[PDB]
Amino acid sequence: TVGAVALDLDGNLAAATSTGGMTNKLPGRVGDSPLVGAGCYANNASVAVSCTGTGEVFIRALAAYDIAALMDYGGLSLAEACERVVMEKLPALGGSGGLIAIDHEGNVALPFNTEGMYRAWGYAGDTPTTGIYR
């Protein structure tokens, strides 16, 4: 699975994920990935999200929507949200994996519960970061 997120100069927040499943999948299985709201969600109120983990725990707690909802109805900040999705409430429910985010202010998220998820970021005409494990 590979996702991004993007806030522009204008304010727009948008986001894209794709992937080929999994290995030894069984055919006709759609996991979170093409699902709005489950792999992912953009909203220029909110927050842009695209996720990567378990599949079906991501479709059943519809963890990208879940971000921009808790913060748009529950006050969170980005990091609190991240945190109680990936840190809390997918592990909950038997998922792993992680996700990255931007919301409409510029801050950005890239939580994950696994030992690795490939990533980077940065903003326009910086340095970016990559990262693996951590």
Second form
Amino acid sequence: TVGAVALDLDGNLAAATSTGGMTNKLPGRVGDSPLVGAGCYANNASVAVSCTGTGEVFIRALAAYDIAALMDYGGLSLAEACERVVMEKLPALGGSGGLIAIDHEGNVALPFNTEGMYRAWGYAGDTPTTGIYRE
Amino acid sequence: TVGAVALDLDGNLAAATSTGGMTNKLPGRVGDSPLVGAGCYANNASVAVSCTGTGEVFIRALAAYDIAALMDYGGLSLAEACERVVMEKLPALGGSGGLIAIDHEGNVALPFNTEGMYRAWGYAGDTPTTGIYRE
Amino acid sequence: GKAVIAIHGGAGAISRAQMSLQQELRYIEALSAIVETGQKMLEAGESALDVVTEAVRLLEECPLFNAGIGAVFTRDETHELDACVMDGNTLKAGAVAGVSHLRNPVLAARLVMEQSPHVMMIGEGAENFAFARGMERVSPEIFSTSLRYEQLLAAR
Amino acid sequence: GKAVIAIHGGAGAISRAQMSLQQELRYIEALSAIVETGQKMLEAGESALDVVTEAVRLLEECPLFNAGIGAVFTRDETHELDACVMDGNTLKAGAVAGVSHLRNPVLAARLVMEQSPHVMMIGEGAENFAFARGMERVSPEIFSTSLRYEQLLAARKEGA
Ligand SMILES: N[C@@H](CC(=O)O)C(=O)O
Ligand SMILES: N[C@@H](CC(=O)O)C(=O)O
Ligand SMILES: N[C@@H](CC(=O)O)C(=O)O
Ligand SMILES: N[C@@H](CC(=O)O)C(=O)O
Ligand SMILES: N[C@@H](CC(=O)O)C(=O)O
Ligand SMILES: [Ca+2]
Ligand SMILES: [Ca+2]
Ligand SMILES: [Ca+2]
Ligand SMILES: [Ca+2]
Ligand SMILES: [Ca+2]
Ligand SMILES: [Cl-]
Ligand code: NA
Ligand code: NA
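Swap state to the form solved in complex with ligand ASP from the form deposited without ligand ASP:
In what comes next, the whole complex appears, and the chain from above leads the way.
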């Protein structure tokens, strides 16, 4: 699974996600990636999110929308919402993986609970940061 | 589209939704009905919900989970959350329809913003109520 | 316990000037019979999960409602059915979409929840999965009604 | 806030002890080239929607990542792809699932969003919709890689 989130110069947010799914899945299986609110979500009033990991758990937890709802209704920062979803709730439900997220204020988060997550981010006009492992 | 929500004697909530979709749809089109958090959701901590109406809008608004999150995070009652979603948020996006919902305390709500919604409800051991038009 | 059930058979398909009292009575009769069945099941100590499954299965079976028998038609005069079921106790869920050869999509969705490692299955893969679990294969002909066919023509 | 992009190419058991620097640098180089493309688009005033679409298109094209070319295999040794795109401005979204004959699922998802009254399309229905709006019909074999075939086989072996 791959994905991207962005905030543009006009203040708009967007998210995209694409995948082949999970190795050895039954033909006909659909994971979180194409489902709005599970693997992908964007709303100018809150956040843009794209997820990766154990897709069945991300559907059942509505992970991408849950980031938005924790901010919108739970009063959480992006960093707090990301920690709650990825480091606490998802593992407790037996899911692993991560996500990327950008909020309307231009904050960025790339939480994951796995050994690694291929990832990169960068502000327009600045040098990017890339990573694979934790820290 | 059809649906059911229930609270059992053990205190457990469940929901289910089934449909043929929308008349004259493009082959391959999927609406909200089979999507967790859009047309169908259940969580013992909050609510069981089943939706019907203009499916695309219920996906974009994650209508069923939004009821849940407004209650669980925002602290709203079932009636308050139903009003916000069905009477305010869905119409603002071009959406029309309704939903049925039972919360963990056994409150039931059958909001709709359309001319009618085929519906029925009843407490175990009591007489059921049915409806078609507003009332 | 404070057990309760609600059902629906769709919003937005309704208009008082285009309907008859006899049609309205038939809908009221169907809703009343199905909700009663659900109440009695709850009273007898059946799970919420089994109750919503059975209520939706009955709504599928009833040709008055756009699910299972009595489904609407696509642009190509075919039927493509979707369903979902969810358990609040475990957050387990199962769903199918784009199925044309399964009589009761909600039963297939329950099979996905309970007898696969997945949450959602679509199309021929969902059908093959179901067939392998003992579910029967039907012709999509069985869903077709004149009510919905005439509605397809009206949408044109 | 300042314009910004983030991308990912997947989470999982990426094992440092099993990786070499040369292997890691292939991933780092791919990620950096794609994120810089996005940053430059942002700076030039492209829309967030076009930026996330292009980033995901490039990640699809890159055989290192499980999307598009480089997709994992099903139980049946086939490929079935999914994608989603969402515009935060209008809250419009588009998505495809279970598609095997479209090179870039994210581009088909954009088509569902912009050129249909729908949000999600699946299977042959999705393919046929996309074909009529300019996407060419590919063979699913184009997605196949040795890397992912080996992973299917190793996963089968653990299953036994
Ligand atoms: N979340 C993806 C798989 C992944 O990100 O590795 C899916 O379930 O299809
Ligand atoms: N979201 C609410 C409460 C909070 O963030 O703590 C606010 O910003 O006012
Ligand atoms: N919503 C962010 C910022 C804010 O409330 O001002 C937070 O709760 O931390
Ligand atoms: N919400 C259903 C249609 C309906 O409920 O009438 C769908 O979009 O498939
Ligand atoms: N537009 C590109 C890719 C595609 O159609 O899938 C081509 O025609 O080669
Ligand atoms: Ca401007
Ligand atoms: Ca706060
Ligand atoms: Ca806040
Ligand atoms: Ca712009
Ligand atoms: Ca070509
Ligand atoms: Cl009469
Ligand atoms: Na029916
Ligand atoms: Na790729």
